[PDB]
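Only one protein chain is missing from this complex, and each of the others stays in its spot.
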Amino acid sequence: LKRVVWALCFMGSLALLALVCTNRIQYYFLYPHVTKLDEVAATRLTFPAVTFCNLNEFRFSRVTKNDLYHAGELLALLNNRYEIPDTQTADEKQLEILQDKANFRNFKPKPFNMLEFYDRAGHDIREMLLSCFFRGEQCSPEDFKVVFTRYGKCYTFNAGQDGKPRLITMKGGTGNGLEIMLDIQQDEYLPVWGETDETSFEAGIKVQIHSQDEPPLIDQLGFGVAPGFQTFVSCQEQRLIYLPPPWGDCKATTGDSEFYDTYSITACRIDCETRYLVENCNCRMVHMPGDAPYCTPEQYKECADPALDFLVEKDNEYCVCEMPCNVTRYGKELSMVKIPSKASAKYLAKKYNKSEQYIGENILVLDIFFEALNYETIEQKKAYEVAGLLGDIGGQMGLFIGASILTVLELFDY
Amino acid sequence: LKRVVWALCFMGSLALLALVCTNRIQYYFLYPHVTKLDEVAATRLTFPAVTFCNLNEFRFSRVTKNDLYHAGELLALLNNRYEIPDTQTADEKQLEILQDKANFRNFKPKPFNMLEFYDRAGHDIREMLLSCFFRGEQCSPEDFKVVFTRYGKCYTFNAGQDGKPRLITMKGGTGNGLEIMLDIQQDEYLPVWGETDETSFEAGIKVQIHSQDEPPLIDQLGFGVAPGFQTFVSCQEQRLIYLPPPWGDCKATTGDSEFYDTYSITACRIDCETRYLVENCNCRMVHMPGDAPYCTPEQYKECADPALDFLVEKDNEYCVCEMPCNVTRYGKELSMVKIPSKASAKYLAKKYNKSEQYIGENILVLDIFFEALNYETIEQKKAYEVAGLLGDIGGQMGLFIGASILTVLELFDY
Partner (left out) sequence: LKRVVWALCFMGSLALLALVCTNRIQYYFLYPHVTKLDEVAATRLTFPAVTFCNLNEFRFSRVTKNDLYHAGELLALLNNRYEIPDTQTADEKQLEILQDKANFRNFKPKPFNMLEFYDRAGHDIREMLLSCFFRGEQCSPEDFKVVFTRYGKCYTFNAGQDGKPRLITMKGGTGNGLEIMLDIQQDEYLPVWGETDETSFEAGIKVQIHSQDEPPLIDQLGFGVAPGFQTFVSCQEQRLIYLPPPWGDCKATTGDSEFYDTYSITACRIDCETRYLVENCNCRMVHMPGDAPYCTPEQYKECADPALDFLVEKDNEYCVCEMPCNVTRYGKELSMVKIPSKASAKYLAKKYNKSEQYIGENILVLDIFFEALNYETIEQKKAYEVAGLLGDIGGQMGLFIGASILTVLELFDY
């Protein structure tokens, strides 16, 4: 009667238990994850490395007759007949110089490679750096490590190598970071007579803020700074931590991955770009690692350059990288004020033995610091551990029928 | 004795179970949610649409005597007596022109509407676009779709309509995005003699980056770009996914919502603004959808303009929109360098048949790209599913008393 009528109700209770338990178990086998995000004002924070590059790759006063011979075409300074292009943007003063050192009448070529050309004619930290201060202490060129990029001879402050103890940061604000005054030296910019990958229409510098153990990709990922301004960059360190499989695609940062000691997206890209250029050109660009021969100006103009433009512009399948397990991103907010003021133009002009207009067209101040909330963690965390699954399917087993693994295994037998 | 003394302890065990189970069940009926945030370097990413507008709405050379007659007051070029205001910012060259075409002695008005005025006098992509490149390929005006905003005749790159396959992006960096050189043509800016909603004190352009299926609100939400700089915009695609009720207020993006095929905040605003202007003015602005008649200059000056200023400035209750279930936000970091350099000014001047000063005051380069971590997901996820509640209240039922639904329903009866 009523005792056996709610045994069918018991059949319904079993029917329910089936759907709910298969729910929590499919949910387990989706491997769901959630996010733990903590923005905080840190302490003992490690100051990142700061790489910068002048937008003019070579110095007009340092280009020699041999430099002009080997590389004048790459720089659009000579046509294919080793002469000044008749379609040149004449300057009565500059053109006299160039056609004086473009006179190869008594000239016999001498050995030449691009790395020495960049290292020698590239802008010099010792005459660009007008002022550097970190947390109240003044820097020198000794504190900037020479690094070569596609821009040429570039510099990294707080590179952290050289056994030099990396610098730290405690609070937020300008006084707890870097400030540098620079002269971009527009009077040393090479004439632009055509368009190549080595000349530019812009005056200023390129900057990129990165981990000490992450290489720079300043050509693609950096930001610019204009002459005649003071730029404030308020930063924030964002540490991103991902889960390995099966929860997500994530590569161990101690990656057994060629040219660099640390695995990062940028390093993976530079690796592949190097393999690609060596493979297709038998030639490496000045900034690439490895041991291939550096490209000659003809190899730069004909093979290496379009190879890299292809990799960073058109390629969709050859070169793609995985996500690491640890990634460091730097949020930033930029801001400008004008330099110099009328009250100070004559002061700066006098101090550096330069014209007032020159100061207006070449001088530049850069402040790099962190805000109050200077450190941020974005860590992926597992959302349904196996134990919580067993405890849940357990409260579900016990709910509708009050069974156990003993009751089943024992009752499945006896 | 001791057997019946811990039956009171059993009463305490029941007392505990009550509070804990009512805890997990109230917690269920709060409908709590958490967040799943994944910043990643994507692939096959869809490039957004990029809308831009010159800050000068009309071209001084294209304003005709009929255009000046109908609209000269809206542009503060004529007072209420159809004449040059005596309080004009005289220019010996410009004033001769305007008062030459403000001579209505032999003039009889001709038909006129604002849409044709904007379309004709508005700046032209074919003479502003000095250079466009996307991922190594050069663009033409064919790649820019004409869109009308409150600025006038504006343009959208990669609008994605026209059956043109939307463009994709793979890596981070400048080479994997758009770069355009523009001439803002300050020599064609109309004289500003007063303050209206059609004239501006600033030179440059306005830009807004949006989904192909999200309309632009460039007047309110866009950013500016100044002449004489190259601006870098490092972007990041942020996909935001919300939960529908009862977990949150969230509107289905396939919204059955008038003028556009997709529901977005911006489209909802443009919808309501159109209804409002039609209702209160019997008149639609040139950029609004629907089928009302376009406003005459008198309707613009007297009714439509203050109506829209009211909606976008003062309104607090008439026009408010819900949150969609899918939202696309684009993070961005801006950066400038100066253009032109001294080395290149004469080059650019020669190439475009323009003065060096003109190049300094009108020329502008814009790079739009993504960083390495170019894609970000912010998805709301349910925090306490019903199954996990039952499994939990289950481990709680089994803990203190070891009961089941059978034990109760059966014991509640027999």
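So that you can tell them apart, the chains are marked A and B in the order they are listed, and the count of residues begins at 1 in each.
Just so it is clear, contacts are C-beta pairs under 8 Å (C-beta built on N, C-alpha and C of every residue); 3 or more make two chains touch, one makes a residue touch a chain.
> Looking beyond the chains shown, say which of B:144, B:151 or B:189 touches the absent one.
Selected residue, touching the omitted chain: B:189.
> Of the residues listed, B:162, B:261, B:291 or B:313, which one is in contact with the missing chain?
Checking the options B:162, B:261, B:291 or B:313, the one contacting the hidden chain is B:313.
> Just the residue numbers, please: which parts of chain B touch the chain that's not shown?
Interface with the chain not displayed, on the chain B side: 2-3, 6, 9-10, 13, 20-21, 23-24, 27, 32-35, 37, 55-56, 60, 89-91, 186-187, 189-193, 199-206, 217, 219-221, 223-229, 240, 265-266, 269, 309-310, 312-316, 320-321, 323, 327, 329, 332-334, 336, 361, 378, 380, 383, 391-402.
> Residues of chain A in contact with the chain that isn't shown?
Those residues of chain A that touch the unshown chain are 34-41, 43, 135-137, 168, 170-176, 229-230, 232, 234, 333-344, 346-348, 350, 365, 369, 371-373, 381, 385-388, 390-398, 402-407, 409-410, 413-414.
The criterion applied here is as follows: only the chains that are shown with their structure count from here on.
> Once you find the CA centre of chain A and the CA centre of chain B, what distance in Å lies between them?
Here the centre of chain B sits 29 Å away from the centre of chain A.
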